[PDB]
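Shown next as structure tokens: one chain only, the form solved without ligand 803.
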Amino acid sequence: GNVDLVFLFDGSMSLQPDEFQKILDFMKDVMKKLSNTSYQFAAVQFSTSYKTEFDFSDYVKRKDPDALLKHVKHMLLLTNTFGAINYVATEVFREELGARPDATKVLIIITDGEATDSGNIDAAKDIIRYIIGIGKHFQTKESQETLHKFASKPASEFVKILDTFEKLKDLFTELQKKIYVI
């Protein structure tokens, strides 16, 4: 059926220009591969606060990813992941913003550090959540574990730990192996 997918991407101070761009490129990669399908997208940048870079309606209006993400400006602040996920659940997955009531909601969270806030993401639990943790800040098993609470279960399936930003291309190569005409 229809799938409404939101890319919630980290725009923290830790990110170097090329790493940030690499996060954005993975997003573009997935979009252009899934162009003209039942998939519809929205992208939200999060750091201390949040910004819907383009919503579902924007996407359908002009499906071009490079264009849709042209005005993105790296926030360079903190990593308030709990608030960010809640913002997506209540402020992005909305009909007035182009979300289809029927669609399966999917969230792809991309981050390079532990959340700088706390609370709960109860309001977003019906959304299928994937989280990609990248870089040195996720060197230890402990840091990696902290991400499980944001993603769907099992974590072995929904949580992806990447050692480098370059590995995003690797991740894209693998996700494509899972594309099928059904």
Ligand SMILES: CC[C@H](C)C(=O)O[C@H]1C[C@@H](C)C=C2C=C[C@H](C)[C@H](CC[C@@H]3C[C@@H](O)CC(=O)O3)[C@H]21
The other form holds:
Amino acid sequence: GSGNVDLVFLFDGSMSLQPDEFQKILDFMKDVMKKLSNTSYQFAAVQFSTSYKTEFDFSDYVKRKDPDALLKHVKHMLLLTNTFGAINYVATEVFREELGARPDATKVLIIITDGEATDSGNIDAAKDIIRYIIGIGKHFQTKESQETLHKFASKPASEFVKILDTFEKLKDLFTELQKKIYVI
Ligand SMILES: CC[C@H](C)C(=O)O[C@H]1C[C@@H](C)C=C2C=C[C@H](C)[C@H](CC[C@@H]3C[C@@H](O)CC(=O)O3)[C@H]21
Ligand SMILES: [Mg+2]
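What's the form solved in complex with ligand 803 like, now that we've got the form solved without ligand 803?
Full assembly next; the chain just shown is listed first.
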């Protein structure tokens, strides 16, 4: 339709993440934004743990644009992993016209986490958002834990759930993303 994509990074700041691992999440987000600067994509980023913080809104991105400056002042929260609550927060408190969301854009949520959710609920309010979940590291070693992530993602899980055994594999994920960039 409009050809516009409003994309939110929803990233884990729980106590499980070591300092260097948290930085690699931030570096990955910055790589994606830099590669897609000056396009029809708009970005916002939200850190979640026990509660949620909008690190920058869509309007901040449009005004400042520099991914380095925009994520420079992120404080690691180091609490729990309330992923149900975080998704509902994005759907009702971030995707809003008064915060710079474009009303007819395609909405996309990229969830990066290194643990199973410590809450529960439903995400019906977020169901018109395209949802990718990237699950990283040892807490997703087993098949049963990988499957807990299906609930958050759009369907099929085979396209929308990405499991990475280490944080260094975020770089491989960015290599694969770039092979899919086209001028249309
Ligand atoms: C696309 C390949 C990479 C690895 C990936 O999954 O990136 C996904 C997940 C993550 C790595 C980053 C993304 C950044 C931008 C877009 C939204 C991308 C998904 C792209 C697809 C493209 C078509 O299938 C239509 C659509 O709506 O989503 C995601
Ligand atoms: Mg966690």
